[PDB]
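Peer 1: Generate coordinates for the entire structure from the input sequences, incorporating the hints supplied.
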Amino acid sequence: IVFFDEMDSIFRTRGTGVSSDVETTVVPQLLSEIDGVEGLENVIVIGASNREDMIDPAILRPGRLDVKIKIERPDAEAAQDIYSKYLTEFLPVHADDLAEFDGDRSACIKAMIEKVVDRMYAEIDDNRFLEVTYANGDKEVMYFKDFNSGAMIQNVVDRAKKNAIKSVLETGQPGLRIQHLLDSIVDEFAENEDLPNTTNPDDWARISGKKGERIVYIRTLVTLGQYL
Amino acid sequence: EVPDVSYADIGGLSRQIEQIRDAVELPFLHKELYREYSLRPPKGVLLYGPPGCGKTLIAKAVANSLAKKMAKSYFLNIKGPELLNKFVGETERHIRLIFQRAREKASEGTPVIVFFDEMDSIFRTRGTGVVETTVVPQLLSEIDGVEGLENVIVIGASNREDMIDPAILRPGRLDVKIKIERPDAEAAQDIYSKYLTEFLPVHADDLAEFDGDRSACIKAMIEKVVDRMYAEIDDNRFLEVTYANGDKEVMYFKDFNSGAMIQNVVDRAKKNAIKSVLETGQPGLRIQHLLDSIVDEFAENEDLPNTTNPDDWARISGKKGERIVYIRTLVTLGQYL
Amino acid sequence: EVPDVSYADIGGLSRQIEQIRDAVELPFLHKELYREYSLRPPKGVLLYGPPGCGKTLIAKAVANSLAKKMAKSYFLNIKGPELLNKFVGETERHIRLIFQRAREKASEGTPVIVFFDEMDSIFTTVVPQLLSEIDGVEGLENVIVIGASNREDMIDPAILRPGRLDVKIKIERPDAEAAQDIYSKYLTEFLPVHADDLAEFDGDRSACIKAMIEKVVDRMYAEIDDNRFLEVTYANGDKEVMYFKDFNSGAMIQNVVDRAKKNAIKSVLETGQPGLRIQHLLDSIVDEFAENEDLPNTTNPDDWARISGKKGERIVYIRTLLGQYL
Amino acid sequence: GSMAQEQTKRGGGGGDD
Amino acid sequence: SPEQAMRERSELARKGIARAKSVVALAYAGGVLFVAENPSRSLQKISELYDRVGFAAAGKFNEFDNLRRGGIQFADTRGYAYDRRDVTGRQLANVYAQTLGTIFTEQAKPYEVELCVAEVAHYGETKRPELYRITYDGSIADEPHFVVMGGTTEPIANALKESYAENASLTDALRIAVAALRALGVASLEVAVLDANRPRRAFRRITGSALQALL
Amino acid sequence: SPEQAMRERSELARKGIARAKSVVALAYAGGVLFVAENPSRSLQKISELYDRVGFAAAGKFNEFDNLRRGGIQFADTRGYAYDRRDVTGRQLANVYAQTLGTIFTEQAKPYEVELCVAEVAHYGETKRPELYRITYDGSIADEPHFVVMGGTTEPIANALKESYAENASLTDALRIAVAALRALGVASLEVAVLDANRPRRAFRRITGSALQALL
Ligand SMILES: Nc1ncnc2c1ncn2[C@@H]1O[C@H](COP(=O)(O)OP(=O)(O)OP(=O)(O)O)[C@@H](O)[C@H]1O
Ligand SMILES: Nc1ncnc2c1ncn2[C@@H]1O[C@H](COP(=O)(O)OP(=O)(O)O)[C@@H](O)[C@H]1O
Ligand SMILES: [Mg+2]
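Protein chains in written order, with my numbering: chain W, 60 to 287; chain S, 2 to 338; chain U, 4 to 329; chain E, 35 to 51; chain C, 130 to 344; chain P, 130 to 344.
A portion of the hints provided could be inaccurate.
To be verified - So the derived label-pair ranges between C-beta atoms look like this:
(1) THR234(C) - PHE211(S): 53 to 59 Å
(2) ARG316(S) - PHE126(U): 24 to 30 Å
(3) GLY74(W) - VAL251(S): 36 to 42 Å
(4) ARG231(U) - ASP212(C): 55 to 61 Å
(5) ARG16(S) - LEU141(C): 55 to 61 Å
Read the hints as simulated data drawn from the structure, not as lab findings. Yeah, the Cβ is synthetic: ideal placement off N, Cα and C, and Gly gets one too.
Peer 2: Below, the structure written as structure tokens:
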């Protein structure tokens with residue numbers, strides 16, 4: 060297995076080289092060697108990149124990169140599955156959370172996992188992340204769910220753990236609470252909402268293809284007489 | 002040297018095979034006949050078209066057919082970036098040595114074919130660079146010098162013919178151009194037949210419908226899958242092209258079909274068959290496997306605009322006449338009586 | 004290039020040959036007359052005529068004739084679309100480099116013809132640079148600037164102003180007589196001929212070749228069902244049919260000759276009897292017209308002008324062969 | 035109508051003494 | 130380009146007619162037979178227009194019922210203004226053509242409808258049944274044997290092409306029409322006739338148990 | 130831009146007149162002869178306008194029939210307001226020209242129609258037949274011998290130019306007109322005359338077996 064990571068720097072589309080670097084001499088060598096004058100087995104090249112548009116069409120030609128795999132944004136069930144990986148029974152849990160479940164840690168863990176996703180994917184006023192104006196002028200209110208990721212889940216879990224450590228250091232009560240997770244998720248959303256350009260253009264292209272209208276504006280939802 | 006390839010493996014390309022026979026095989030088979038009519042043999046043949054349409058396949062097929070047709074022929078394959086050395090020397094020495102060896106083999110009497118693959122890497126152009134700028138002059142001089150030899154033939158292939166400078170493509174050196182178009186329904190059927198052989202295991206359910214007639218079952222399956230792939234179903238919509246004067250264009254998958262995609266469809270169907278025999282224990286292949294392979298291939302290639310090529314866009318704009326403004330990737334009232 | 008194209012090489016262009024002679028060779032015999040008169044001979048010849056045909060061949064012929072007169076010859080051919088370096092003034096630099104090479108060649112006592120082709124693609128722009136370079140090279144009267152363009156209307160009249168490119172020459176299609184000339188130039192007497200066709204002319208090879216050329220030219224220049232190449236629609240909607248006589252070109256005729264030779268070789272290697280037959284010529288004509296249906300006619304772009312300029316009127320729709328209307 | 039910046043590619047060179 | 134935009138308008142109307150059910154009308158010995166695939170019991174796609182003139186339609190119900198009503202209005206105003214025997218299927222067809230053309234060019238959305246106007250001779254009279262098909266743009270076509278409207282018309286039109294027989298009785302023409310339509314019970318069929326033998330009002334529905342016996 | 134709208138309107142109307150069947154009208158001994166290529170039996174492209182004034186058209190049926198109706202309206206209102214012998218082919222032609230000058234510049238889509246108004250003398254009177262041709266722009270042309278409308282006019286016009294003969298009988302003019310039109314049986318021809326010999330109403334259709342005998 061030869062793994063090419065970030066196939067955007069090389070494997071670029073021939074031509075369109077505004078920068079003086081010459082990709083028209085290196086990528087034909089890759090095309091000739093991968094295909095081969097004589098077919099060669101037992102060697103598989105795997106390429107991972109988040110910019111599939113910049114890749115040259117000849118490389119993505121079937122029979123040369125025949126297997127193509129798209130990893131998409133997680134949904135609610137995928138969010139629960141990802142949370143189950145990080146929120147483990149081995150993680151210390153506060154006595155109050157364990158109290159109502161009578162010492163059954165698995166039930167408490169899965170209940171907290173469900174509770175976190177119940178608000179993370181919820182569509183309320185506080186979760187309105189972005190608003191987009193289409194060519195028709197119609198506007199859609201995109202929430203943080205559309206831009207959710209497994210890395211975001213890991214960051215939320217890490218922030219909750221850090222808050223639990225701070226609480227243990229200051230108050231002295233060991234354990235992790237659900238309110239720690241709520242604070243972590245709201246703080247993470249607040250941190251990530253200041254940046255409007257945080258996704259690749261492929262998401263915008265997919266949205267335009269779904270709506271059918273051209274995207275022209277993006278806005279952040281941060282926030283005369285005779286009156287009696 | 003690549004053996005085990007012939008025109009019989011390539012299907013759906015009839016005219017182009019005849020042309021490549023005329024340009025290459027005929028001068029070697031008949032020399033006095035050419036001299037009688039004072040017709041100079043074509044020295045250079047270039048192959049262009051959409052990617053994966055079979056330029057290298059035709060190249061190796063003609064290389065083998067030249068050896069098999071005569072009643073000792075030498076085929077030379079060299080790539081662009083292969084003849085590039087970081088030192089100031091050997092950048093041109095290697096090419097001159099290669100052509101001298103080609104002339105030596107021609108003097109020995111054995112016909113020699115030089116195959117310049119991916120001519121976009123080298124010989125493309127010198128004006129747009131944004132020494133590589135000193136490759137095409139001496140190459141053109143050497144080709145002009147070797148033109149007099151009867152048995153020397155130069156073959157080139159390239160996905161993008163626009164990047165190649167017309168100086169090498171002027172009448173003379175590269176006098177023959179061959180375009181390999183995307184397959185159509187009959188070509189698709191031929192390509193499917195080139196792979197869906199009777200030697201592949203077939204499930205008892207499909208085979209019983211033809212009373213053990215393997216050929217009839219296979220050809221019926223090929224026709225069925227070809228009809229399924231080229232049908233204008235709503236599931237087959239691929240692209241939406243926008244023209245400001247025009248209403249719009251609709252592009253289906255059939256506009257970007259190629260033989261490599263057919264081969265991958267067959268491979269995916271066979272993989273599904275293997276998984277089926279592993280999960281249920283029933284050996285053979287089914288039509289459902291082919292249909293699932295087709296739909297999976299379409300879904301897999303739905304997101305990527307990779308199938309589109311500058312040649313395809315040039316054809317579309319020379320068909321509609323209006324420059325494209327936007328390309329969209331399609332993906333999934335009342336009281337009607 | 005080798006000055007191998009003589010006057011006999013080009014046919015049907017005798018008046019063009021004489022016009023070129025008047026434009027080029029006349030001042031050489033009267034250079035002392037211009038010097039006494041303090042004059043400037045015109046060194047600008049704009050050859051505007053049919054599309055892909057033999058328009059450039061006339062430039063190869065005047066070069067050969069000029070080589071003959073001083074009895075070593077250079078012909079700098081530049082294509083127009085490939086000269087374009089759109090990005091940022093690279094094309095202006097390329098034009099300066101071409102003219103510097105022309106000046107260097109003019110330093111040597113060998114006549115040099117600087118020819119530009121497909122100049123209708125181009126023309127605040129590169130035009131002032133071209134005019135400045137032409138004015139600079141005007142001092143070198145030995146160097147002759149020859150431009151070709153199939154669309155005289157699109158050419159900017161600035162280059163057509165009096166002075167540099169004063170001499171404009173029109174070119175035409177191959178006429179039946181010119182077709183017989185061009186066919187004779189490739190179909191020479193040395194080509195093998197069929198014995199059965201010789202029986203019709205008692206073994207006179209030259210007469211047989213002439214009769215065969217006349218026959219093939221007549222058939223190709225005939226209004227028959229075999230000449231349905233183009234169908235023309237109009238705003239008035241008078242759908243008419245163009246024939247193989249129209250859009251005829253020498254380069255296409257050479258291709259027809261090449262295909263006929265290939266077909267004759269195939270017939271010799273298959274049937275066994277050597278010789279040439281009219282069937283070979285007809286098959287070559289059909290195949291070459293089938294091939295030529297592609298290059299000029301994608302029929303949506305640029306074909307409207309390519310047919311309207313030659314015919315003389317704009318054509319709404321071209322083809323290749325609501326409701327409640329009553 | 036755009037400007038470009040060049041990146042050089044060094045060529046091998048070796049001398050003795 | 131208005132012309133390219135018109136191609137979109139034609140496609141939208143064609144899409145609406147396909148997004149629906151199929152109707153057939155064919156000539157038989159006693160007149161003309163309408164057989165439509167209709168699940169509802171209240172909403173109908175076949176209607177009397179005048180004494181000897183019937184009407185079938187396929188598309189968007191509110192619109193072809195709008196046309197149904199307009200045609201009824203027209204026919205009765207003429208019949209009263211002149212006489213009953215002066216209103217002919219030909220006039221009606223022509224009015225529908227003018228109206229669908231005006232709608233197709235002037236209104237925002239074109240009527241996604243397809244119409245068939247049928248006429249038979251008067252009582253004790255002899256004359257061949259006339260079928261006209263009016264399309265969404267205003268085009269009108271004179272049919273000698275049968276009209277098929279809405280949905281996928283090719284298979285039904287071909288099956289009828291093989292099975293059709295002039296002077297077929299009512300039962301045979303019903304079998305042919307249901308068979309070609311399948312290419313359905315009394316609970317999913319709307320069947321009516323323009324019986325040329327009736328003295329005045331020729332239109333007559335065939336429903337329930339009588340329809341059950343006929344098929 | 131007035132120029133671009135004028136050249137766009139002009140090339141669409143013309144892409145409709147040449148997108149239709151062909152009609153000819155020519156003078157012969159007994160008056161004027163209209164011969165049109167018409168497959169339908171109900172839809173007609175030749176019509177009486179007034180006692181001695183006939184009308185032929187080529188284009189979009191709903192529109193030239195709209196003009197047919199408007200002209201009938203006009204002629205009858207004049208004839209009643211003043212007298213029958215006061216309505217002339219010249220007035221009618223002029224009204225059609227004004228109408229096709231107003232429609233072309235004011236309506237959304239120009240009428241894609243080509244009109245020919247014909248007139249003969251009254252009974253027992255002597256005068257040459259008059260043919261006028263009104264184009265979709267609103268121009269009117271005075272024709273001495275024949276008018277050709279719709280489809281490929283130039284090949285048909287060339288044949289009539291060779292075959293035309295003044296004072297040809299009805300049968301000869303019919304042969305000439307059908308011949309030049311071919312450049313078709315009684316089931317694909319619409320033939321009518323403006324017979325100058327009739328006492329009042331000059332227009333008269335020639336159909337069926339009588340047409341069969343004439344051709
Ligand atoms: N009739 C056919 N024409 C073209 N390709 C075919 C045909 N039948 C099968 N193929 C498959 O198409 C694949 C691509 O062939 P080939 O390598 O010649 O394309 P290519 O010209 O090299 O493409 P590129 O130039 O983009 O690399 C082959 O693996 C072959 O199995
Ligand atoms: N009058 C002619 N006599 C001989 N060959 C001619 C003549 N006219 C055209 N040709 C042929 O046309 C080709 C030359 O084309 P050229 O003038 O160089 O370019 P272009 O096709 O762009 O005008 C050759 O095949 C040549 O033999
Ligand atoms: Mg290849």
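Peer 1: Tell me, which hint numbers fail for this structure?
Peer 2: Structure breaks hints 3, 5.
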